[PDB]
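For this view, one protein chain was removed and the others were kept in their places.
Lettered A, B and C in written order, each chain numbered from 1.
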Amino acid sequence: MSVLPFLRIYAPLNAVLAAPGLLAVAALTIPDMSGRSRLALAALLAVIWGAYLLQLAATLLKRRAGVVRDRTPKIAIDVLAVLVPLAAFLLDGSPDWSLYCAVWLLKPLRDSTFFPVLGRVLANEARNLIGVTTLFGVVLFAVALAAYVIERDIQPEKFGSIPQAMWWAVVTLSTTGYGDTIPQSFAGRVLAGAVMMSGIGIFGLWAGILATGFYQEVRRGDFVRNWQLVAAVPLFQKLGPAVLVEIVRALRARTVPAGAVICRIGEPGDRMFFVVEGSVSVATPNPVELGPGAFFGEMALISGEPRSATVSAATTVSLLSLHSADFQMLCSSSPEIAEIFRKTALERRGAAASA
Amino acid sequence: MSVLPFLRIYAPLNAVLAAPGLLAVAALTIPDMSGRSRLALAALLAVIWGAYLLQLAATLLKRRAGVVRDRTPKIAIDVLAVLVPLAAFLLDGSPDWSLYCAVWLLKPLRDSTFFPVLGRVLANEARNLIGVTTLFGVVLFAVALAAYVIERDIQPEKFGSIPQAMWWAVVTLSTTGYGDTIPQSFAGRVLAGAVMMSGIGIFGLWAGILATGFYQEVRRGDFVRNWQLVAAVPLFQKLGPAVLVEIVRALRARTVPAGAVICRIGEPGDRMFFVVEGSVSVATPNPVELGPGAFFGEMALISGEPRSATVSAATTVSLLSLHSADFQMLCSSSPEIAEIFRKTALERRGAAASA
Amino acid sequence: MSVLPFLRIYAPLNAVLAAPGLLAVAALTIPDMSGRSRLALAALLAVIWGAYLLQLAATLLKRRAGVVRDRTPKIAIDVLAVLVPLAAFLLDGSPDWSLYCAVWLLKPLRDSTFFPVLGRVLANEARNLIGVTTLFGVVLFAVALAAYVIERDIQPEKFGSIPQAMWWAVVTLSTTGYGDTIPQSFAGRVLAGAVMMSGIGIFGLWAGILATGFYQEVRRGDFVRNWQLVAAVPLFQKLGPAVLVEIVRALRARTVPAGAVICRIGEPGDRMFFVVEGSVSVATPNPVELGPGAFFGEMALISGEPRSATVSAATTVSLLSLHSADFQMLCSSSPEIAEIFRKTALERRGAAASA
Partner (left out) sequence: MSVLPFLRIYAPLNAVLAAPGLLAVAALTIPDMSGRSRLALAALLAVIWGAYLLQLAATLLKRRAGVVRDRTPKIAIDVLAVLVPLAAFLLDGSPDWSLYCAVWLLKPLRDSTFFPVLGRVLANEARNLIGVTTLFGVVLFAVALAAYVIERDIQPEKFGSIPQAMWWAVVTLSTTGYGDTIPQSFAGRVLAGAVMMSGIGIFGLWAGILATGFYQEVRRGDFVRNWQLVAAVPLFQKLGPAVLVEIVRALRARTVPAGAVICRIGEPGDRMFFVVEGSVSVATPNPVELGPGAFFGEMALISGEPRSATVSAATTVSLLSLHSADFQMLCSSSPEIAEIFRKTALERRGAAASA
């Protein structure tokens, strides 16, 4: 609610072409298909093959930025990105070779930031998951057995064995309800009463384990990435020690590209930003182009009014952002700082029109 | 638990008539129907058409409050609210024109506040959703493929292709369990063990992404809307800077209409209110009608007793509200203020009966 | 994890007999049943009828505690508890009268505390639910329509109309998957991809709305019920103002009955309690029976050791309870208080064995 993300977060075309490449697959999977388009997209494999293969050697030139790097992941696929279809092309002489389109599926995961963010937390908290995972296996067979107790007599064909019910156990426990084979007696139907009661309570925790400290990491992601852009601000030598921890939880940094808009004039003033790198277009008679290490919105927030200037993204700006309350927090947190933001709320009135 | 919402939050009849208008549809959708009521409700389309169309031109008079406004949304439907049925009435000479009752469905969304509140946060946090959305697509086809590996032999008619399983993938992953086509072998049935394990863990996060900072915005909604009604209170020049941030998170403001009740006498005293605009009916021998900028309940909360007066909504009051603890917080937070609320807890004892 | 709830929280037999009374129903609902037990439990209706009816008149004596009360709820059922079967007994001369066993179902809800706790919060927050409820209805028919677009041709018998799909809409949206009527084409099967994506995201919020501030109320329930038992402690004149708000969130009060155990000796010392009303059995050579307004566990917690005495519930004690950290918080929060709890950790060493 407080951030302006722009400039192609879904940028790399390597990330893009995994999708069309795999939709090329299915037409080969279908009988009664004319051969025209059958091979027409087989080329497109050779394209994306050739395309990453074109990208590939440029990556194998890893003399770029070669000081200290960890590119075992980013290379791990690019090797097999082209070799696996190639050997598949020959030995699997039949068309089944294209079933080695199970290969590009990591290419999205290649430059998938937020996936290392995933695996980071599991190696602290999966301690829980295991004991739950065991406990899941406990309750699975602890409960799955109770059905073999009963309908083995008149449902041999369905419940004549154990795993046939362990099947129906999880399908019954895992919120699903397929509906191929269901009991007929009373007491067997009694038993389900605690099952959905369980599996929703079980995963009531177990799935909850995930968002539990995942949120902490992501709530932490906006600090670890943003204890940067702190000393850059020339004013923040005087901020109190514990002041920052109170603030940066809500501060997110994102980038805007050149030419875009940042805040339009006359819209209801709801937030203020800190510039730390780049430049803007403060739409005024004399444009007050504030570059790295600036801010704006106190003109709108102290008074609680619409906007005073159509600030637009003149260049690619590494932006911060901030809603009122946490600036009201700052105004509340320090009379020393509102002194200057009082002056700023007067300087930028005349200084907006003047040079 | 701490607020008195009244005065027709579901007020505008424009919001109302979307519902009956669309229930007018279905009778046309049914064979063996006599023509009597068939067209009888076709009028009601012409009513609601005519009704909004009556409202319409009054809205096209946008010389009301015409200083600075953003009514591109509120007009966006009202135009097509009437044009689309109209052109549909002629060119679709057959009765199918009423299938352009897909049009009014934004009219609830027209004056749906809390929908802009929805879209506000997605443009900060959907960064996550995409990488999850990709990751969802990863795990979809990463897993959907594994079924074509197997039952292509003896289930051509069901699993003779890829998307036939991608269907069964999400139906299996998305907690659903339709139950038309299910495997027969062992190992294919092994594979589901991690699927519900996944999709509940996947959406264990992904849905959790939504309420995550949505709650922040709504927890923020009760500050941004309520840093107003702060300086209105004549007593709040002395409140400490950080004092307010501690408080306003729980303070919600709502309005009561005239004539209603606010707190009845003798009920267990559980909360106190701040009046800032309007008037009340302090049911006492001499009614102490406190107008804009007042409060009541300290008579009930310091002692922890039932109510001292049947305060009733005499006029339409922009109300605040407050349970004890956060007033005990305030009483704890400041001895300077309990001094006057000690006096108030004595003045309003004699001043309740006297003038 | 920090509380000892005992003394029959599920106490009143009025709450109990709703359950057996309704299990009396089903035997009448079944053909090929001999008449012996058919009427045998019809008596048990006359019992529970007669039983509450016996309780009833004692309740109609509402001259007990008749000073100020709100018993419109608790009477509301007791009236119809007996009248509705009675008039049902005659006019419904056929056995169907017992279908007015839809009546006792409020009797659990009669003395169901925690149900007023439920309805308390909805009248602050259902503002959200409505706009979501509308939005649910938006997405329902917004999406339900798209199926009538398609399979009306070759599924008249199933999708020959609108509500036949609105049925399949919610069954598809609401996580369920019945599996009677499912599409056959491609594009109609494409559409489900956003549905489970939606309904899990929709109720990802909407159900989340419930626990959102419900937890606040229940987290508040342990303060509003426990700003009592505060001044009772003779030591708490010196506690700081903001000190209590930090503490009482974790403090829960419950009662133990006489004769029970409170903490057994030699078990790992993990918590300490505050007595405020009742008496105990401090199992020592000279039993140090501490009555209203006492505590114990600092002997175990400062040292971090097993228990020093088999404290057992001698009488019915209105107990508090407290784990270490929040007492370490208190020890950390105040050196003035650890002074006496240092003395207490020495006095109760010799005073435990001596008188």
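Here, a residue touches a chain if its C-beta (ideal position, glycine included) is under 8 Å from a C-beta of that chain, and two chains touch if they have at least 3 such contacts.
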Which residue of C:112, C:318 or C:344 touches the chain not shown here: C:112
Among A:182, A:232 or A:253, residue touching the chain not depicted: A:182
Where the unshown chain meets subunit A, residue by residue: 68, 70, 120-121, 123-124, 127-128, 130-132, 134-135, 137-138, 141-142, 145, 148, 160-163, 172, 175-179, 182, 189, 192-193, 196-197, 200-201, 203-205, 208, 212-213, 216-217, 220, 223-224, 227, 241-242, 244-245
Touch residues of subunit C, complete complex, unshown partner: 1-5, 9-10, 19, 22, 25-26, 29-31, 99, 102, 105, 108-109, 112-115, 167, 170-171, 174-180, 203, 206-208, 210-211, 214-215, 218, 252, 266-267, 270, 304, 306, 323-325, 328-329, 331-333, 335
Residues in subunit B touching the chain absent from view: 175-179
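Heads up, the rule we're going with is that only the chains that are shown with their structure count from here on.
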Chain pair repeating B-C, as identified from A-B or A-C when over half of the contact pairs by residue number coincide: A-B
Between subunit B and subunit A, distance of the C-alpha-averaged centres to the nearest whole Å: 26
Distance between chain centroids, defined by C-alpha means - subunit A, subunit C (Å): 37
Residue numbers of subunit B (touch at least two other chains): 175-179, 203, 208
